[PDB]
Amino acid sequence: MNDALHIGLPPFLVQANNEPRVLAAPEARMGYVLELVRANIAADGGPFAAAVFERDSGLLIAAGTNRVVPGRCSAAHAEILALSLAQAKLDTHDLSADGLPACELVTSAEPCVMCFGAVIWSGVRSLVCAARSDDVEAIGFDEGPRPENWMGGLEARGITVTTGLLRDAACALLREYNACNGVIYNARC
């Protein structure tokens, strides 16, 4: 509405937040996240996606993707959407809240500065990344002024960090995205 923050979720993302799913393996988890990436790109969104799991069971709780441009909202990153939807579903601003399960945020690329903090407040206890910062930098997409050893900063707060998971297919997904960005029409896109 015009009297409430309202970020719309594309059909495939709604489905992604609708169908129950459980993926044990980190590979499996990131694999599904990378599926939403390809989708997102085909739904007019940035090449970024994320999902919050119950970490210790693999129960998908919520997913998000970059809807910045189509959404006319710079704050609509993949991490912000998944972290919110996740908090809304479990109905609490704290995923670290008393009773809730230990949550985990699987993202296609190392988080930017905005989301970096977004992660700290969320209440998740673990972050799992795919594409290293350089890969993202490598094609525009600025990570933003993150403080020294942000990764360390997270470990310190109890948020375990991991990067590189399925980085190969992640960087590929970034590239065909970039490959298909210009304005001159290409039927192969």
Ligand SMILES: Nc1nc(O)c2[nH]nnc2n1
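Residue numbers count along the first chain shown, from 1. We call the rigid core whatever largest set of C-alpha positions still superposes within 1.5 Å between the two forms. Residues that one form lacks are left out of the comparison. First, how it differs from the form solved in complex with the named molecule.
- After superposing the rigid core, the C-alpha of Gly8 moves by less than 2 Å between these two forms.
- The rigid-core fit between these two forms yields exactly one 3+ residue run with every Cα displaced by 2 Å or more: 182-189.
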Second form
2 protein chains.
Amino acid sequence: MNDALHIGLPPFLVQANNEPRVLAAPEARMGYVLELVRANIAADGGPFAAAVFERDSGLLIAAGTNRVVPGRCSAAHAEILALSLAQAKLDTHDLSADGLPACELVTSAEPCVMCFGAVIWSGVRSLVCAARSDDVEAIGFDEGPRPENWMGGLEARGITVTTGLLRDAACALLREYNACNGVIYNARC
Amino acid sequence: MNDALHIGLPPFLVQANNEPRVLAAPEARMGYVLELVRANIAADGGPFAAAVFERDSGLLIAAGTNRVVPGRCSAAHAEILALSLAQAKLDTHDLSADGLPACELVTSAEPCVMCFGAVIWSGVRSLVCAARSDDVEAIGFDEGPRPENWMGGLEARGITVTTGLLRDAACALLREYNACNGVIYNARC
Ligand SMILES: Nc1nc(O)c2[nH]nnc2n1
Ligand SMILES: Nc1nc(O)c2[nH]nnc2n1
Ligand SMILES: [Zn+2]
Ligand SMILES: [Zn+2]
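After the form solved without the named molecule, can we look at the form solved in complex with the named molecule?
Whole complex next, starting from this chain.
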């Protein structure tokens, strides 16, 4: 594009960002995200998906997936898209804006150093991860050089962190992605 | 969009991305980048700008500026837009892809933790900064929790790093923004 940075979304994702969806339980939220991982893999993307939910009600605000290769954009990680699309939807660059319900980013895998920073500047007050960093590195994806004890860095900034949620289900999807090739392989790898 | 990730670019930035331009000297490259910083401030954006140049020829590939507030996107840092717009233009998520010239990211200030990762994933082989992280955090801009010796971290990834280029002018622009960042109206601003 000439007058804008435009990252298009595939059909399943456009739908995911425009379909009403309230998922109370944390496992319900993560389960849905893993559904997005599968759909994204079939849509030429990396094995990564994430979604911003209102922390308490579980109302889905926005979802993103790895679109690095098909989108010719190394910054197009699931977290970046999810956080940015949620901000556009709520009409603010700051999800912690006064009067705004607390937001939570539910992600299929622990964040790379890039998305680590993205979470910090986003305004989200919670981060829930499925697959661990080691799980991701085991299929060729780099997390990059994150600071020492990144989880503590987030908590120290008001962002609670949960890991390992439905990890096994996520790994099955990571192992399947690796087994069946990949393509130019996403970013952070 | 209310579906795709869309960050609009202000006229001056479109202009910059539209007109072929070659800047051989580092000072020339940074000088142009600092011109974008001032233009961006005048266009309701943050005091930051960056541009991707072909390292060995000086050809400008793409430029970006902080459009966080106007863009309703916390991930819209100079570096992110510059790197992404360069990739969209060359039609690839890897700036070091076979066939492409070695790229260089010239930025008005040392990268925050988010952009730190973006640089690594981008494919650029060189990073050139003006203002130091202390100058930026001096006017209240957080760089975030970068890993220890992030500069060495980059060099170990094969990305050469230079900093302090035209630091004085960069710093003056930062202070200029700060002096005018308040609610009480000042005709001189
Ligand atoms: N580490 C890593 N790599 C990718 O390519 C990703 N896409 N989305 N999240 C991602 N995380
Ligand atoms: N630290 C920091 N803060 C911002 O707002 C930026 N925009 N672009 N680069 C930026 N870097
Ligand atoms: Zn990431
Ligand atoms: Zn940044």
